[PDB]
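Below sits a lone chain in C-alpha cells, taken as the form deposited without the named molecule.
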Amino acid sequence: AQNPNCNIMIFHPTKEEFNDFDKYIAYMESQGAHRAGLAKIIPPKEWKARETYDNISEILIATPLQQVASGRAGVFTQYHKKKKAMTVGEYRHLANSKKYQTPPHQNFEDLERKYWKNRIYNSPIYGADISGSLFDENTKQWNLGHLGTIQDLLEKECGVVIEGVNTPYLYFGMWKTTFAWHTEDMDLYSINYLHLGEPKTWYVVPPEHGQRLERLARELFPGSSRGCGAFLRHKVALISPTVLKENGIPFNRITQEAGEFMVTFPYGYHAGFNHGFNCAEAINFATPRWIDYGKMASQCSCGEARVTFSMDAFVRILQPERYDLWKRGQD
C-alpha cells in the first residue's frame, strides 16, 4: 500500500506531464497521495497562470465577510458578518493597514504560533467565494476554468445526464482569515491555486480517519452536534493542532506559497489560514474514484449549509433516499 503513514506528498510534474490533468491526478493517487487528504503540486518552471497581476484591483468584492470568533483560542466557531462592498484595491489597502497587517515574525512556525494564540481576538475580513477566474484564456495546462465538469464525469461514469454547471471561485485573504474544518460538497475533490501574495497554511485529516475528527467535533461543539447530524457542513468550527494532538487525531500540515496548487481529495477534512494579503482560485472536480464517496457523503438537512444549484442533481441521482429530506433543508 503506497503512503501508508498518509503523509502530504509534493509533486513536481514536468511540462509534458502537465498536459493531461486527469492522468496526473491518477498518477498522484497511484503513489498514495490521496491517503493524506491533500497534496501540493509545484508547476513546471515553463508554466504561468497569466502574464501579470498588475491589473486586478478593479475586481469587486460585493460582500466582504468579517469573521468573528467565539470560544477559546484552540476551540472556536466563527460567524460571518457581511460588510459593504469594496474593490480588490480597497481590500488590499485594508489588509496592509496597521489594524489588519501581518505582525512581525521570524518564520512560518512563529506566525503559526501567533495565529493560534491570537486569532480569536481579532475579526479579519475575507473576500470569499467570488465567481470568476484569473487564469489567462491562453493558459492551456491546469487552467481551473477549463476543467472537465462534474456533470460530465457523472454522465460518463453512470450514463445519466443532469443539469448544473461547475465554475471557479476567487478568494481574497488577509492575515488571520480562516477556513473552518470541512470536506467539500458531496465529498468532491478541490483544487486551489494561490495566484499571488502571502502564503496559506493548511491542516488536513486523512480520509480514512475523518470520522475521528467528526467524533471529536461532536464532543467539542455539543449544542451544534444536537442541532445537526452533519454540522461540519456549516463550515464554522475550528480546532487547533494542539487540541487535535491532545485528542489523538491524525493530521498533517503544510504551507502553500504563491504559484503553487493544492488538491484536496474526497472526504479529506481541511482547515487553515492566510498569512497576509493574497488571492486564490479554487474549484471542485470529480474523478471515477469520487463516485463512491459521493454516494456516501453526509448531508446537512437542518437548513444551515445552503449550497449551489448543482448539488441538487448530485443528491437526486447518488442519494435518492436522502433527497426529499435534504431538499426540505434547501427550501
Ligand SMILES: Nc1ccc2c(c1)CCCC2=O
The other form holds:
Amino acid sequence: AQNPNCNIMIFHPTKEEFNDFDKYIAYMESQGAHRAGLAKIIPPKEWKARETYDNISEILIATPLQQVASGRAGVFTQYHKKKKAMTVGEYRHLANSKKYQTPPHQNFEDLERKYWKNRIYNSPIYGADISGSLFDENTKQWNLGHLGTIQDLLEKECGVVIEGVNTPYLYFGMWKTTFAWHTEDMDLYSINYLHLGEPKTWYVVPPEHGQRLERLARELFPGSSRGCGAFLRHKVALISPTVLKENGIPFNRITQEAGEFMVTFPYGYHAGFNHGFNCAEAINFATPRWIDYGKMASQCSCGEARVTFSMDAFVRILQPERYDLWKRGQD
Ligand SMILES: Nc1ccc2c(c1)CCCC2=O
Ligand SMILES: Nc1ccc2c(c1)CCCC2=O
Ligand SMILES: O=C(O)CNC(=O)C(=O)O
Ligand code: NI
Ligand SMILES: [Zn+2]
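Can you switch from the form deposited without the named molecule and show the form deposited with the named molecule bound instead?
Below, the chain from earlier opens the complete complex, with every other chain and molecule after it.
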C-alpha cells in the first residue's frame, strides 16, 4: 500500500502533466496521496493563474465576518459576527493596521506558536465564501472556474441527471483568521489555490482516522454533541495540535504559500489559519472514488449547518433514506 503512514505529499507536475486535471488527481491517488487527507501541488514554472493582482481592490466583501472565540486556547469555538461591507482595498488596509497585522516572528513555527497561544484573545475579520474567480479566462490548466462539475460527475457515474451548479469561492484573510475542523459537504474533495499574500497553515487528519477526531470532538464539545450528531458540520470547533497530540489523534500539518494548490480528499478533516493578508480561491469537486464517500457522509439535520442549493440533489440521490430528515433541517 502506498503512503501507509499517511504523510502529506507534495507534487511537482510538469507542464504536460498539468493539462489533464482528472488524470493528475488519479495519479496522485495512485501514489497514496489521499491517505493523508491533503496534498500540495506546486504548478510548473511556466504556469500562471492570471497576469497580475494589481486591479483587485474594487472587489466587494459584502459581509465580512468577525471571528469571535470562546473557550480555552487549545479548545475553542468561534462564531461569526457580520460586519458592514468593505472593498478588498479597504480590507487589505484593515489587515495591515496595527490592530490586525501579523506580529514580528522568526519563522512559520514561531508564528504557529503565537497563533495557538493568542488566537482566542483577538477577533480577526475574514472575507469568506465570496462567489467569484480570479483565474484569467485564458488560463487553460487548473482553472478552478473551469472544472468538470459534480453534477456531471454524478451523471457520468450513476446515470442520473440532476439540477445544481457549483462555482468557486474567494477568501480574503488576515492574521489569525481561522477555518474550523471540517470535512467538505457531502465529503467531497476540495481544491484551494492561494492567489496572493501571506501563507495559510493547514492541519489534517487521515480519512481512515476521521472517526477518532469525531470522538475527541464529542468529548471536548459535549453540549454541541448533544445538540447535533454531526456538529462538526457547523464549522465552528477548533482543537490545537497540542491537544490532538495529547489525545493520540493522528494528524499532519503543512504551510501553503502563494502560488500553490492544496487538495483535500474525501473525509479528510482539516482546519487552519492565515498568516496575514491573503486571497485564496476554492471549489469542491468529485471523482469516481468520491461516490462511496458521498453515500456514507454524515449530515447535520439540526438546522445549524445550512448548505447550498446543490446539496439537495446529492442527498436526494445518494442518501434517499436520510433525505426527508435532512430536508426538514434546511427548512
Ligand atoms: N467599509 C468598511 C470600512 C472599515 C471597516 C468595515 C467596513 C467593517 C470592518 C471594520 C472596519 O474597519
Ligand atoms: N469552507 C469553510 C470552512 C470553515 C470555515 C469557513 C469556510 C469560513 C467560516 C469560518 C470557518 O471556519
Ligand atoms: O481557506 C479557507 O479558509 C478554508 N478552505 C477550505 O476549507 C478548503 O479549501 O477546503
Ligand atoms: Ni475545506
Ligand atoms: Zn447540526
